[PDB]
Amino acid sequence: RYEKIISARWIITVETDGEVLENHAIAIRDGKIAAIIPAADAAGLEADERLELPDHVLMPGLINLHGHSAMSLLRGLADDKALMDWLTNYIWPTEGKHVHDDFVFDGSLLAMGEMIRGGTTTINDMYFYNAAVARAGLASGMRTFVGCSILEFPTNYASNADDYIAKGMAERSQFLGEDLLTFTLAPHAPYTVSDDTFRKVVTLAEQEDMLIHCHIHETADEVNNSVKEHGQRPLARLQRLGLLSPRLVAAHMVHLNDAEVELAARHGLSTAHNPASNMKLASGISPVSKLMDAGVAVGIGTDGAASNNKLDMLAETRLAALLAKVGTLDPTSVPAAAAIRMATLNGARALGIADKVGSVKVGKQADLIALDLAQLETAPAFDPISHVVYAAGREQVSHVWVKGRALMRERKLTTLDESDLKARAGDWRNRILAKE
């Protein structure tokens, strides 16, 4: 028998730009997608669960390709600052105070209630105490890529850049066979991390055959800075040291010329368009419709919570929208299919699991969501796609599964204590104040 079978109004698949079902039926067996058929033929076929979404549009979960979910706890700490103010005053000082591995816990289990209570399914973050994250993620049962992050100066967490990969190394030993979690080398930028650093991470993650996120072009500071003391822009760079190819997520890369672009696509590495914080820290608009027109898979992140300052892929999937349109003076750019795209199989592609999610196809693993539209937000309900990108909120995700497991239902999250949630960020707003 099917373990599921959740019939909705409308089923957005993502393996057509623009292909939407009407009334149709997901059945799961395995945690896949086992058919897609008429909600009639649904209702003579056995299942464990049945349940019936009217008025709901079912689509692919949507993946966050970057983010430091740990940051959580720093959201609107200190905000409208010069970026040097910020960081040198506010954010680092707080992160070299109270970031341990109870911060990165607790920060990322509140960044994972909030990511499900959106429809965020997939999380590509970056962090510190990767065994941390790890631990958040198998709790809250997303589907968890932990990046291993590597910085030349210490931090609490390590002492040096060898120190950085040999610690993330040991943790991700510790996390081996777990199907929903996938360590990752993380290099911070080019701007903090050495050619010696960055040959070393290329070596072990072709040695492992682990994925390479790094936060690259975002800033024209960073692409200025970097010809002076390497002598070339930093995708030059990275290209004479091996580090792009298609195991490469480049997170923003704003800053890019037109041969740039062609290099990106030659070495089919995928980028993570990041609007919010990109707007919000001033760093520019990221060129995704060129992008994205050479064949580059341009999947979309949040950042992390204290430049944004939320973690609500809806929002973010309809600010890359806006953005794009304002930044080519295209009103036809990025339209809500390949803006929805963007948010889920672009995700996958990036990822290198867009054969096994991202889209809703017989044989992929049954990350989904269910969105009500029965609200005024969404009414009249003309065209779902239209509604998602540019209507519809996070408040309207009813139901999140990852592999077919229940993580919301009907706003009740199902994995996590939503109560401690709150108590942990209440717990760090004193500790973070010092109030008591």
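Residue numbers count along the first chain shown, from 1. Between two forms, the rigid core is defined as the largest C-alpha subset superposing within 1.5 Å. What changes on going to the form deposited in another entry:
- Of the residues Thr88, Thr332, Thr203, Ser159, just one CA atom moves 2 angstroms or more between the two forms under rigid-core superposition; it belongs to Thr88.
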The other form holds:
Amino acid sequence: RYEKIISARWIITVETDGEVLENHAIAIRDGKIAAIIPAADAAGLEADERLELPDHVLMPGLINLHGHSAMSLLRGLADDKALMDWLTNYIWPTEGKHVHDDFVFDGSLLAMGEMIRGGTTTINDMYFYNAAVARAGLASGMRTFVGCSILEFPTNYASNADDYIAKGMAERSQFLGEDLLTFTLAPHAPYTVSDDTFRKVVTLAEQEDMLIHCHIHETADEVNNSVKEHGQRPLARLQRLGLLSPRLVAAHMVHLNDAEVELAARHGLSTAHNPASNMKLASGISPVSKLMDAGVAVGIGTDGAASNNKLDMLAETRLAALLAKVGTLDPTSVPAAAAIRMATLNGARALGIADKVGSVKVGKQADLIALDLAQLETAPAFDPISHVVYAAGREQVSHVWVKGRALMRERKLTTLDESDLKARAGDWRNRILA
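Output block for the form deposited in another entry, input the form deposited in one PDB entry:
The next block holds one chain only.
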């Protein structure tokens, strides 16, 4: 028997741009999409649960390809600074004061509540105290990628690059065989990681078959300083070190010349486009249309809540579409169908799981969300693809499933206690202002 049959007014499949099924239903078995049928054929089938969603659009869950989830606890603490000043003089000192297992667990949980509330099903995270992020991920039920940050300087978490690596690998070993939990290696950035450390990461990632998650080409200063310090721009350096390959998720990728776009395409890396953070830190505009035209998977992330300051993937996807048009002065850059692809299927491609999630397709896992379009904000309900990108908001997501399992139903969180999340945030407000 089917576990669930969910019928909706619209289904955006993301299998082909523009494809929207009307009055169809999704049958779910063993956590996967087992059938996609006219809703009329669905009552004749048996199911453990049945759900009718009139005036709702069903679509793949949104994939946040770049977050620092625990930074939810620092929301609004460090505005109006460019990247290096922001890290050096505000973020790193605050992180030195407050970041331990407790912070990371509490902050990750808070972030996950906010993400589920806005229709995010997968988070590609990157932080410290990775066992705490993993624990939070198993608790929330989100599809979770835990990025083990690697730096050269000592922190409360680890004393040197080898220690970040050893601790990440030790923590990874405590969460083996978890279908929805995946550890990655996350060397922080070209300007905080040495050639030797990058080589160790390449070797380890290859041996253990892990993704590499790294902030790359975020600022002009990073790129220009790299030439001075390493003799070439960061991408060329990383190519020399062996880092560019399909396992690499390159966050930001704001400052690129045309040769670097082709380099990315040839090595089959993916990028995470984080428009709010790129604007807020005054980093610049990633040439996402050029990357996508070259065949590169460009997903979308939010970055952390201290440089956004939302974890809202619908808002982030709209912003990607708007910024692409203003940056190219071409109104046909990133149409709504492409933006949805960025927020879903391209994220899955980046994470090496596009055969598993990212579209509404029989055989794929049921990572799905439903948006209630019967609100003034999305009225009249003409084209749901257009509305999802340009009009709908995080507040309209009504239901969230990961592998067929409900994480939210009629905006009630089913795996996390929303009151508990608010209380942890209030605790941290007191502790940080202390």
